Amino acid sequence: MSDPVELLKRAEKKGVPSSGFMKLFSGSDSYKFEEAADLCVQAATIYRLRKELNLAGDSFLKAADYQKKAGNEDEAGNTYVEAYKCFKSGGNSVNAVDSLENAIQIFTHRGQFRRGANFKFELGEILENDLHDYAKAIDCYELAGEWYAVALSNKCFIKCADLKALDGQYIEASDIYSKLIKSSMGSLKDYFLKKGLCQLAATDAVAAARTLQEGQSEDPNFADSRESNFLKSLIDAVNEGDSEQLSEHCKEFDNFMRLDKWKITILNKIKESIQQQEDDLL
Amino acid sequence: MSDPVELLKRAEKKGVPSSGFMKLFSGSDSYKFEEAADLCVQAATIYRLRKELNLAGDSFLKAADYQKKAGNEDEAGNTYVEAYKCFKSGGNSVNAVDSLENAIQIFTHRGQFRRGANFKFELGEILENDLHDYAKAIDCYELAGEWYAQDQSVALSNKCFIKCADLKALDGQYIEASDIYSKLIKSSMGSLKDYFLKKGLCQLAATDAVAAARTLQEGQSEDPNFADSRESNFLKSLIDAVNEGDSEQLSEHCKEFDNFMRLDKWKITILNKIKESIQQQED
Amino acid sequence: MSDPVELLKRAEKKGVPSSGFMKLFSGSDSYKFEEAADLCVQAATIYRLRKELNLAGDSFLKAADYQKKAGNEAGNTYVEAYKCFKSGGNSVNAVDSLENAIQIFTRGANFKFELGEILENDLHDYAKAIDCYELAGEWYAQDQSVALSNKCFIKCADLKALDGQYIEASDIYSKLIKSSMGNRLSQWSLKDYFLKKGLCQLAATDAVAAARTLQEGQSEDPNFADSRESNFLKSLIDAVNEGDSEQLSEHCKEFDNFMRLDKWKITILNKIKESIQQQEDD
Amino acid sequence: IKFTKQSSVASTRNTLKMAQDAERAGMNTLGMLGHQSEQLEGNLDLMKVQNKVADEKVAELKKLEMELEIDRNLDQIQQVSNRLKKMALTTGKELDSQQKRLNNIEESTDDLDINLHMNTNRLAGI
Amino acid sequence: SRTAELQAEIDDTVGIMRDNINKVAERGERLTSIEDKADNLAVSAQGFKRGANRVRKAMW
Amino acid sequence: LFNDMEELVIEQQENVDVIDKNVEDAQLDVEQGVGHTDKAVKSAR
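Residue numbers (the deposited numbering), protein chains in the order written: chain I, 1 to 149, 154 to 190, 197 to 292; chain H, 1 to 190, 197 to 289; chain G, 1 to 72, 75 to 108, 115 to 290; chain L, 433 to 472, 476 to 499, 589 to 650; chain J, 27 to 86; chain K, 213 to 257.
No lab work stands behind these hints: they were computed from the structure. Here a beta-carbon is modelled for each residue, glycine too, at the ideal position from N, C-alpha and C. Some clues are possibly wrong.
To be verified - Label-pair ranges, simulated between beta-carbon atoms: (1) 460(L) x 230(G): 25 to 31 Å; (2) 433(L) x 285(H): 42 to 48 Å; (3) 74(I) x 228(G): 46 to 52 Å; (4) 5(G) x 105(H): 35 to 41 Å; (5) 50(H) x 446(L): 55 to 61 Å.
Build out the structure end to end from the sequences listed, making use of the hints.
In structure tokens:
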């Protein structure tokens with residue numbers, strides 16, 4: 001097998017654009033860039049065969065850059081996707097994020113907004129789990145959902165609303181939950203609940219009651235659902251300012267339907283808001 | 001980022017076909033149209049990124065027209081789908097309808113009646129909800145169901161026919177709605199429980215109580231499930247009420263039916279016209 | 001729109017192979033056949049747009065023949083011929099088109121199952137339908153598609169039992185039982201399978217084999233042991249053993265009262281009762 | 433007492449009927465999903484190989589009593605539900621697997637089309 | 027207790043089926059996508075066949 | 213719920229059919245094309 005380092009050196013040698021007098025006799029530089037990209041791809045496949053995933057990703061990145069210089073944007077985007085794949089497999093989240101960004105830009109510029117949305121969702125996943133950059137993940141999910149906008157957009161909006169509510173943006177999360185409810189009208199059972207919870211995290215008990223009434227009147231399944239009773243109980247508890255009653259209702263709800271960390275955080279902030287109200291009582 | 005207006009101007013400049021003497025030395029105009037379409041697509045993506053959805057839709061439309069001039073009909077159809085897509089997101093229902101029409105024509109002309117049917121169903125939805133053009137929605141749904149049937153897709157044709165029959169019954173065409181319900185019953189034999203009911207209701211909106219009784223008997227004898235269903239009893243009660251001309255009895259039966267199974271606006275309209283037909287009979 | 005008749009005439013004119021001296025200067029005839037096939041496809045799409053489904057099917061058939069002569075698409079065109087002939091009510095031409103498409107593909117199993125359906129319902133050629141179903145099931149088994157092969161074998165066994173071939177139908181039911189054993193999804197199918205098998209064995213005057221099948225089903229599948237089908241099969245076996253046709257009729261009515269019988273069972277039990285009558289003649 | 437029991441009997445009869453309808457529904461869906469799974476990759480693999488060959492050839496070219593009934597109904601409905609949820613679960617697994625395979629096929633097809641485009645362009649160059 | 031267990035099992039199965047129903051929506055969309063790229067692929071394959079044939083004739 | 217599940221799958225049956233068809237034709241036109249490039253290379257040498 002050829003030495004990947006020698007192939008990369010040859011690609012770099014061929015990747016130098018024609019300059020000065022030579023430009024008047026040398027044809028289009030696109031062919032040189034194409035050859036350099038092919039050499040980089042060969043060296044990088046050799047790296048991948050050796051499980052040196054990060055070097056292979058760097059070599060795909062160089063090949064993608066050369067392809068961009070050659071005008072073959074689609075091949076550059078595919079090579080960037082390969083860079084993202086091998087960087088993610090290699091544990092290099094930052095380079096994977098960068099590769100996904102270039103691929104997304106290339107795809108969006110070429111009218112492939114579908115590919116852009118898929119890779120934006122993957123980028124948001126990488127940001128949320130690997131890098132913990134929750135704001136960028138929210139942006140990626142929102143954008144992916146917008147381009148997707154029923155089911156994929158609904159998934160992206162679920163992720164966006166979840167992160168936004170966990171990030172202190174309860175009103176925006178509730179708005180996204182309303183959008184999800186409207187798109188899914190005619197997940198809803200939970201949506202209503204979650205929305206109300208967010209409205210209750212924002213201390214807007216009236217909005218939570220309005221959401222509960224809308225869900226009860228619009229969706230017969232939600233009206234008789236345990237989620238509706240739990241939301242009504244939470245609304246009543248916040249209205250009476252009985253934090254212990256809210257805790258009892260949460261335990262009762264957990265006993266039949268297990269709560270998730272999102273709900274834990276929302277209700278914890280709600281209880282701390284009751285404590286803050288108790289501070290305002292003095 | 002490049003100025004979308006400048007890109008559109010460049011596309012328009014390149015989109016001029018070769019004329020006169022220049023045509024003898026200039027190659028095929030297809031490449032110029034392709035370049036103009038690419039420039040329009042770039043400008044339009046920039047616009048969409050700016051959330052100017054209507055301008056982006058107009059630019060996809062220009063790109064699709066240039067692609068048509070270039071002979072790339074499939075790319076034109078995809079771009080038209082993009083025009084419809086962004087117009088619908090932008091609230092411009094008319095331009096969305098137009099884009100769907102060009103895309104549907106392109107797809108049908110290329111043998112992709114499936115894409116045509118999907119987009120015809122979407123067009124009918126747009127007409128029914130956004131523009132309230134119920135006749136065109138009925139036509140779109142009927143055509144989409146027919147093409148889906150030609151593809152052996154029983155369920156989508158059944159969905160399209162449900163929509164078509166619903167709109168037709170709401171539009172005063174009870175006999176045609178009942179015929180479509182019969183088609184749905186035949187395709188679905190082996197939704198039915200309701201179909202029979204709905205069909206009978208339509209036949210009762212047309213004052214043809216005998217046909218409603220025939221439909222009830224056919225449903226009872228053919229589908230054991232429908233025979234013991236509450237829908238069968240309700241239809242029989244309605245048939246009896248129309249036969250005796252007791253409008254109050256029909257209202258009582260409707261309330262009883264609502265108490266256990268909630269009625270929908272379609273049924274409300276059918277039974278209201280039936281009661282008003284009893285009032286006309288009273289005249 | 002172009003005249004489909006003129007297009008077909010042009011296709012026929014172009015479809016003439018080069019002969020004699022001209023063959024020494026004319027290139028490969030494949031291109032002429034391809035052009036004729038394209039012209040036929042255009043004329044046929046025009047026919048389809050006019051709802052003249054039979055003419056469109058004939059034109060697809062001509063295009064498929066030309067494609068075969070060109071070495072290519076002919077089978078797919080045959081599939082289109084089958085589609086439009088079936089929509090046009092011409093079952094014979096649909097059968098022919100499915101046969102050519104099946105031969106080309108050998115997809116063959118799917119179109120063989122469709123062909124068997126056409127034979128059974130439209131043309132009532134039950135023997136050919138049985139052959140098609142058996143072959144389709146065998147090929148599906150060769151692809152490890154257990155459920156499709158099981159469906160084809162259900163159809164084959166049903167037709168074979170209705171056709172007087174009780175032993176073969178019972179063998180196919182045994183194959184179905186063996187393939188569906190251990191699968192939680194097909195439990196009920198098994199519950200019926202055993203019954204049907206026994207019924208076939210009882211239609212063949214083979215009461216001992218029916219008892220063996222009942223015992224095997226009871227011991228192997230706990231669900232079948234307590235199922236109403238097992239009790240009904242045992243009652244039928246006892247009735248045939250005592251030669252009490254009226255008792256068999258009473259058991260059939262009791263079975264119908266809780267679980268409706270189907271025409272297949274009606275025929276099997278009618279032949280069984282007529283066999284008791286034949287024994288009474290004896 | 434009798435009227436309530438009769439209403440309960442009618443309710444359970446309809447519930448059993450509905451459950452069987454569902455059982456008739458889950459099984460055909462599973463059959464078709466199995467069929468579509470078989471339909472769904477080999478041709479794409481062959482095309483990948485043929486595109487490799489095309490790449491190298493093009494490159495070279497360029498170089499060149590009533591209660592009892594109620595209980596029975598209950599029993600039946602339970603059995604139904606049981607294997608109806610088995611069906612449901614496997615069908616969900618099926619959905620999942622098929623969608624992964626779908627993504628895969630899509631990627632492969634796109635790649636092959638790009639390859640073909642490239643080949644034709646380079647052939648035009650030759 | 028038997029009827030309550032039956033109700034619980036039925037609810038769980040409805041849960042599974044709506045989830046499965048959300049996956050099949052994703053699957054139908056994906057299939058429309060793969061029928062859009064496969065059409066493109068067929069067109070491109072025919073174009074490649076024709077182009078290769080034209081080059082075959084050129085070299086000859 | 214099961215009912216719509218069997219309705220979406222009937223719909224998806226159309227999609228699977230055409231996809232299978234288009235991909236086979238494509239693999240059929242790629243093989244012929246490769247044959248043509250082979251003969252072209254044989255001549256160009």
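message = Does the beta carbon distance between residue 460(L) and residue 230(G) stay inside 25 to 31 Å, or does it fall outside?
response = For residue 230(G) against residue 460(L), whose Cβ atoms are near 26 Å apart, the range 25 to 31 Å holds.
task = Starting from the range 55 to 61 Å, see whether the pair residue 50(H) and residue 446(L) falls in it by beta-carbon distance.
result = Hint holds: Cβ distance 56 Å, inside 55 to 61 Å.
key: CB-CB spacing for residue 228(G) and residue 74(I) relative to the 46 to 52 Å hint   = For residue 74(I) and residue 228(G) the Cβ distance comes to about 58 Å; the hint is violated.
inquiry  = Against the range 42 to 48 Å, how does the distance between the Cβ atoms of residue 433(L) and residue 285(H) compare: consistent or not?
reply    = holds, 43 Å
ask   = Can the suggested window of 35 to 41 Å be confirmed for the beta-carbon pair residue 5(G) and residue 105(H)?
value = Once the Cβ atoms are compared, 25 Å apart, the range 35 to 41 Å for residue 105(H) and residue 5(G) is violated.
Checked against the numbered hints given earlier, the structure breaks hints 3, 4 and satisfies all the rest.
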